[PDB]
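The chain that follows stands alone, in the form deposited without the named molecule, written as structure tokens.
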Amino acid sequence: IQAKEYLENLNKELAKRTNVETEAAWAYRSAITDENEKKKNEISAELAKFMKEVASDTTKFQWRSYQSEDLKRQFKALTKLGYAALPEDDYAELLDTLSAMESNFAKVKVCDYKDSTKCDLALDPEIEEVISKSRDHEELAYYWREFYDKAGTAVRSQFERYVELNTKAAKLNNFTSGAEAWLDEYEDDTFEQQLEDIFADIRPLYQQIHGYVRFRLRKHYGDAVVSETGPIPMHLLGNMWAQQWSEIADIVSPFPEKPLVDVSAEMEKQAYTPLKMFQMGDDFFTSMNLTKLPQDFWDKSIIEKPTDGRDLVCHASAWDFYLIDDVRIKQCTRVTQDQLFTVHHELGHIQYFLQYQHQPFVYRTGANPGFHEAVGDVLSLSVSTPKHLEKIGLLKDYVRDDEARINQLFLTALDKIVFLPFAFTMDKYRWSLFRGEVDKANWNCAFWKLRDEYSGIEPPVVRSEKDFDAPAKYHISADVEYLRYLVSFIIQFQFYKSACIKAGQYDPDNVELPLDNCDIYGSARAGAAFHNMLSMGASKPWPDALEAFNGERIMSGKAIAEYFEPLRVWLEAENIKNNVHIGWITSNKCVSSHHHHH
């Protein structure tokens, strides 16, 4: 009484149809006009009805008792509607309040702190450039206050209706709330606890970095600016969301006299262009016997920020068009070291799309959202090593010293370790909303006390419940689950650890092969494992995807630690030599107003 024939035909129709939706989403995010927005939401609306209409057809085929579970896996998968279980009126209203946040974020503009006439700097070039190169706390605060008021506050209404709808659509699909809805993606009833245990294990490591980073800032910026024992005024951390601090390694690194790998300047002097960066990114993959970027990629991709007065979404991303070889990336690439890692990250997504094209539509996605983010990140870890950067000439003369080693792990610490708690709070925050755990009157402080609790970070200026900051973060505004990044930073080190071993680069004993200096570039057995894994495409629960890569079947934090071990035992000692304060007392940055004028 097969249903295989039905699923085959179905996926082909879903694929054919999601292609049309993707083209509008893409046209829109490349040129933000009302027409494209309307069409975009229009495709999503037609599809939503087709889904409902297919949700009721499966009543026919009673899969909840079938034989082969590959087929029965597909049914549980497609029957699971998302925001489509939502009645027609709400759905269009969701597409809308959602559209309102997304466009609001992308259209933000502020005026130079030094020219109230310009008012045309965006978050991509200008503003993010300032928060990363400026060492004027007053100016940095300026850009923080201006961006948060526009990208966050301006959209509390949309955001509120979203949470209410997001929750409604959750219960219509039998989930307790959107919170458990996202977690279903990891297919493991104890995933939140697994993720709580690992954070608990690295937390001590996080504060040996935190307190230290707080020891230099207060030394650099001054007592009055950065206090001891108090949470670090974000905005001095070089990142608008302080999710990553590497941008301030020129005033925070362990050994300023020794080298600080910052290949940005060399790329620039060497006539580097986004295209070249993409080609380099493409070689790394082919070098591992992995799939090369198809011809549609170089034709249909946007690797440079448009030069017309257009408004677009330029938060780097990778698109699967659901055909054969139609993969493209949209990025406002700039020639800097961070962008080079981002390029690879994105390519990571592209490798994944290519690796699993042949899979039934329902499986043309990652094994749990985490794997999708990690792929490219494993490669970026290699192009970040003095080893590989020397091999491509982006690092002239460099001596591994010993303390030059401390300036590399620590860097990767202001990126890979610092993030873990940030990424956790993002969803931990949206979860507590999805789950009616927080009252509307406490929505903005629930966010900061949570940024305080886990990261020891606070706004540069006082904020109150009148403001609404969570939306200043792209993923909050664009409705993108975030737990994916946190698992990705955990499991990407497991992938990387094994990949380097499957290659002759890492041996727990051989001291001439430290796990923080293996390149895996041009490694066939490494790509081959990446093939057994990526080719599966959500065809099996994530434990098997992992197993196919290295035989292990459990998510763990043994990787990161084993990587940053030489660094960890450098802080507990250095932080005692400079007599550095660990931990912080609660914040006073959230309140409910106060004025000095009648």
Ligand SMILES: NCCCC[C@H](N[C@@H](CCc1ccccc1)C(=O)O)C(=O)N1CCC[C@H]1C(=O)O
Second form
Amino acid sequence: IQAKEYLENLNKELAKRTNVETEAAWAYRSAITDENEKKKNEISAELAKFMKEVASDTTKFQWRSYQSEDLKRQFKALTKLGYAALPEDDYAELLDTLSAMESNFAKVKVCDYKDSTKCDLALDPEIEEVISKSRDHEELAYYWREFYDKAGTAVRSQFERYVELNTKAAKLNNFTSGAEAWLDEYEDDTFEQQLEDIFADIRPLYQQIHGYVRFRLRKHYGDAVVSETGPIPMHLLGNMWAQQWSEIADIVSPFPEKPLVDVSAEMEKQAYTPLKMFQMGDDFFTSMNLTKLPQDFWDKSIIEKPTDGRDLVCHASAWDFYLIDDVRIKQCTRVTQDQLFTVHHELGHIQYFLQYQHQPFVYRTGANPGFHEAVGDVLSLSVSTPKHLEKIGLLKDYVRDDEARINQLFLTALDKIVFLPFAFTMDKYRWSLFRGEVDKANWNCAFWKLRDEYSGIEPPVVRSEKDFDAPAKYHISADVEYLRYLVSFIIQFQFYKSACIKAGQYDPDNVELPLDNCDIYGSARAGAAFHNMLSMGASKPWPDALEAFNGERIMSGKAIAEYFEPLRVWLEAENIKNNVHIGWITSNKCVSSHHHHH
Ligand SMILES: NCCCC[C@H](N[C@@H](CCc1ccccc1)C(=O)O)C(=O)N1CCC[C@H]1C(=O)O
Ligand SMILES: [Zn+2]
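Could the form solved in complex with the named molecule be given as well, to go with the form deposited without the named molecule?
Expanding to the full complex; the earlier chain stays at the top.
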């Protein structure tokens, strides 16, 4: 019989209902109040009962033996209930503990290091800036310690129950654990291994940047502060989680005498505003013959941090309201080059939303979570080039010297290469818990051992099992899968490469057309490729989505390693010239307490 008419009717209802849920999520995350929190979970609780009642109905349609796979694809997807398979009482408890962590993160406030009276500094503006600009290791340590104790430790109790409920939910859906459930999204039983193999290929490059960065830092801060052969004291890497290091390029760049693209100052001196930044982002898409931002976006978006004393979630993000043209971004944008990249990242999501809007609700998601994260990043790569920045005047006079090209690749290596192992550990960590591989008594050290093992990083001060630091990372507190970023930083270079080729910007043989300098801005053929891929929205496993883009069907590293190659050959030489130590001994930062008072 035909369940097609059923599915059509059902997706349309699910969209209407998710719209209602989305609005409540938006209100809460825009104005954090007990009331909004209540409505928010209330809606989710209702939708969850509807899904259960829709899961039992599908028992009617024996799709597991159907003809036209597309219907059979929708059923497998719709019946795959997530946390919703959970029984009422548990689901409600999960919503709560989830809310407890989320709100806990966003409400973090710490006292200023030079004024124990202020105590109103939050992560997004204040503390985020201190870690970026300060060069007083003791001050950076202060802020690190203060932030981790509030954002991480204070929520160990909820996190643990979250893990328990997450595991219970997974088994109810026939998954081994929440770990395999997340991996299910990549529809490939060998995905983790593929990721393990690509990382293995790039790791050597990662261990020519690490030692080099540890070199300068120790030269700058001094021996007693940064030891050779030991893991780098995170907090001197310009980022609260040390996931990206470009922020300290001023004390760590190859040629400090040569220019270092820092468009922040020009943006500021030029009167740039968040609105202007979003409009630039918008222009990039249309210039590629891609979709212009709809009217609801400008009316309903929050592109600047509210001026009142209300609490909200300001971790940039993009929203699909599941209607037609109702898409919005919420970002506490600031005028800086990094924020400018972020603006493009989020629009990547928005574009993807519009591109697949016409698809059945179930297919209104990205093909593979990684694809959703890579769109915006592909434009950001173009925007970051000296070529495009000179064209828009945010780089008055610049010369491609040669030993200046290194300041661009290496600068990019502090964001794209350094990130890979960081992103991998975020989920390898949560996987090991989801899978009952770690003892509760070793939860906080299992984390740092992993940060140590893969990133060669360690906390600025000694932590014990008494502390619990994983929640200090937004995504851990908000229950947002992280592997998606690791796939993105990999596949985005594949997208970028091809796009640049489809444009007349990249030629492997011709110089003056290097990969690290193509702009693709204004490219209709690149936009066309993007359109073919994006419009499919999960209607097919990701290899077909990629194939729609450039005819390829495999995830690989035939891009980054072809992007950063000149950088990589420059390091191996420079490191030997300065006799730079490569590799590091195991960290001694995780223990189980010690005091000097009695
Ligand atoms: N310093 C601001 C960073 C930009 C914010 C961005 N936000 C995330 C938010 C995802 C999300 C939000 C709400 C519900 C469900 C999912 C994003 O990918 O857009 C992000 O987290 N990103 C962007 C790149 C990497 C990753 C990160 O920083 O770990
Ligand atoms: Zn994103």
